[PDB]
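J.: In case you want the letters, here they are:
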Amino acid sequence: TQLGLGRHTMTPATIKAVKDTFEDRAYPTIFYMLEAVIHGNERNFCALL
Amino acid sequence: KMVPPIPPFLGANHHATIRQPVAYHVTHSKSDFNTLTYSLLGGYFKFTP
Amino acid sequence: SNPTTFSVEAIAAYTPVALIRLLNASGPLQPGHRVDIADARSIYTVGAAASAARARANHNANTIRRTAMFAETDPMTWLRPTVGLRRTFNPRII
Amino acid sequence: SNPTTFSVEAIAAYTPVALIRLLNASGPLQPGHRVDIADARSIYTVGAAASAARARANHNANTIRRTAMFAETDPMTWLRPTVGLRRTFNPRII
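Chains as they are written, first to last, in this note's numbering: chain X, 310 to 358; chain L, 91 to 139; chain R, 362 to 455; chain V, 362 to 455.
The following residues of chain R were derived to be distant from chain X, with all beta-carbon distances above 12 angstroms:
id : residue
1  : 363
2  : 381
3  : 388
4  : 389
5  : 424
6  : 440
Cross-link-like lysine to any residue pairs, in silico, SDA-like; alpha carbons within 20 angstroms at most:
id : chain 1 : residue 1 : chain 2 : residue 2
7  : L       : 120       : X       : 310
8  : L       : 120       : X       : 320
9  : L       : 120       : X       : 311
10 : L       : 136       : L       : 110
11 : L       : 120       : X       : 312
12 : L       : 120       : X       : 315
Since the hints were made in silico from the structure, they are not lab data.
For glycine and all other residues, C-beta sits at the position ideal for the given N, C-alpha and C.
Sequences are here, hints too, so could you generate the full structure?
T.: Right, here's the structure in full:
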């Protein structure tokens, strides 16, 4: 609390959405497959926009 | 990252009008966006007698 | 295409594999025969990727040719800076 | 235009440059030859702008001519004030 007085904080909307998507158990495995395959290449990401 | 690069053909810090403390004021104050502007205007007042 | 002749799996099988949307794996198998196998696996996917890239063949009367995507030479760059596309549009050309 | 003969880039090149929507630059070059060069650059630019101003040619059958823009004489101004169009309308005449 002492460090974060005037520093940037996150709005409650994105906190609610992000908490829901880490607590989602019906998360599709398609996202895991695509994240495993494109594997952080800019050439692979921008080819699948 | 620690010294602001201002080339000597464009005026140095210790000769210019706007100096380092005004920059340190504007980058390290987290109060508001209205009172920051009025405080910055309260900065820009001459110290001539 | 001849003579090898068709993949019945078996083991060989034939590396292209020039079929489209094959429900041959399932399909019957039924199951695989009594051979040791090691690849099998690799030569199947190598042929399958070819039998999708060559199975493209058409749909190029709808493209909209691929481009440089990012910024790169383009061997002149001395009278025209280079900018590529972000592929967000719909290539169909009608 | 002729005989000069055609900009093959090279550095001559030919100063207009009377083509439209050219996929000539990129395009192959591939790359430029063994010459001195600096300009090139300006001669290309003045030719390209002129080959777009001339490439208008039509679309003036859709104008709706340009107007006085701002308030200026209008060489009488002694029986009528002057006020120009602020062009936010769509000029097409149809």
